[PDB]
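Below you will find one chain, with nothing else, as structure tokens; this is the form solved without the partner chain, and questions on how it binds or moves follow later.
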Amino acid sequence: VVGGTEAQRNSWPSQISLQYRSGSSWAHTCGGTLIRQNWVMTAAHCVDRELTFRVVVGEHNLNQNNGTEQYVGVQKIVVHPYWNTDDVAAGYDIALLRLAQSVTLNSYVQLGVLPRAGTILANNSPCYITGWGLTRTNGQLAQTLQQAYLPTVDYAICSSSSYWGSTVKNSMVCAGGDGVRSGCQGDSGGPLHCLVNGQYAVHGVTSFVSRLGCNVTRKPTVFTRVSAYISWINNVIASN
């Protein structure tokens, strides 16, 4: 997250760190959201590589013992069947991970609440992105979980020629684009949290930014719109 601030350690208890085994250690690669005690939602492009993955819940500082982490292997990966890795702009950038064990819930570990199917945010709706991604374009991962305020940019604007044009679809949410705050590498798969009727819900799964940089004016961060995939998510969990 570029232009973020450190999150309080109990603000975003559905955030997870998806990590891969890297020699004798583990490395953060992307974010995700806990949606059942044994299921995580992330981006499809995050699990394109044939790596050994684990999920960490209750994480705050990737480089220090927080005393709150639970570590759990990934048992099954279900990517959306229409996902195509060489066309992220087509959409369907979503995947569900079944965990080897069910995690225990507490003030650091909670299920993300999802929006009702079909919900679309009005333009300029207040949202936060969260994650451990790069803190500058071509920078390094954050140590501590970051948050940045990214108001939504509606489809009519986002799909205009000076923004994303045809690259943005109605199955996506755009947020940000002010040139200072954005998602960045390592934030993929993590949540966009939006405040609606007094309650934060996860409306987006971080999908892409510009190839010209993370925080680029009129290139808001693009998220998979969770509310377009409620039936899909429910169908996968019920059949696994």
Second form
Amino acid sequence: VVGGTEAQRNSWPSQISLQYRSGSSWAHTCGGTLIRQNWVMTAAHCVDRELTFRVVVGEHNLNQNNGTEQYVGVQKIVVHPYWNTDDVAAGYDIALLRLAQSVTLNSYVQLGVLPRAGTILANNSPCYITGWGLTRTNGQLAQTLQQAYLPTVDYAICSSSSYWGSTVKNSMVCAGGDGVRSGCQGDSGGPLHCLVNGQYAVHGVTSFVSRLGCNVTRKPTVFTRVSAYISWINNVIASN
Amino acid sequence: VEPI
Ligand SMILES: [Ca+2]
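Would you generate the structure of this protein in the form solved in complex with the partner chain, following the form solved without the partner chain above?
Everything in the complex follows now, all chains and molecules, and the chain you saw is the first one.
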């Protein structure tokens, strides 16, 4: 997250870190949202590689013991069947991970609230992206979880010529684009939390930014629109 | 488009 602030430890308890095994260690690669005690929602592109993945819940600082983390392997990966790695702009950038064990809920570990199917947010709706992604374009991952306030940019504006044009689809949510704040590599798969009727819900799964840079004016961060996939999500969890 |  570029132009973020450090999140308080208990603000976003559904945020997870998706990590891959690298030598004798683990490396953060993406975020995700815990949606059941044994299921995580993340981006399909995060799990394109044939890697060993683990999920960490109750994480705050990737480089220090927080005394709250739970570590669990990924037992099964279900990518949306229409996802195509060669075409992020087509959409369908979503995947569900079934965890090898069910994690224990507490003030640091909670399920993310998903919007009802079909919900669209009004333009300029208040949302926060969270994650450990790069803090600058071509920078480095954050140590501590960051949040940035990124109001939505509705489909009409986002798909206009000055913004993303036809690269953005109505199955996506755009947010930010101010040139200062944005998601960045390593935030992919994580949540966009939006305040609606007094309660934050996870409306987006971070998907992409401009090839030009993370914080680019009129290139808001783009997220898979969660509310476009509610049936798909329920279907997978029920059959797995 | 850049996957992040
Ligand atoms: Ca830690």
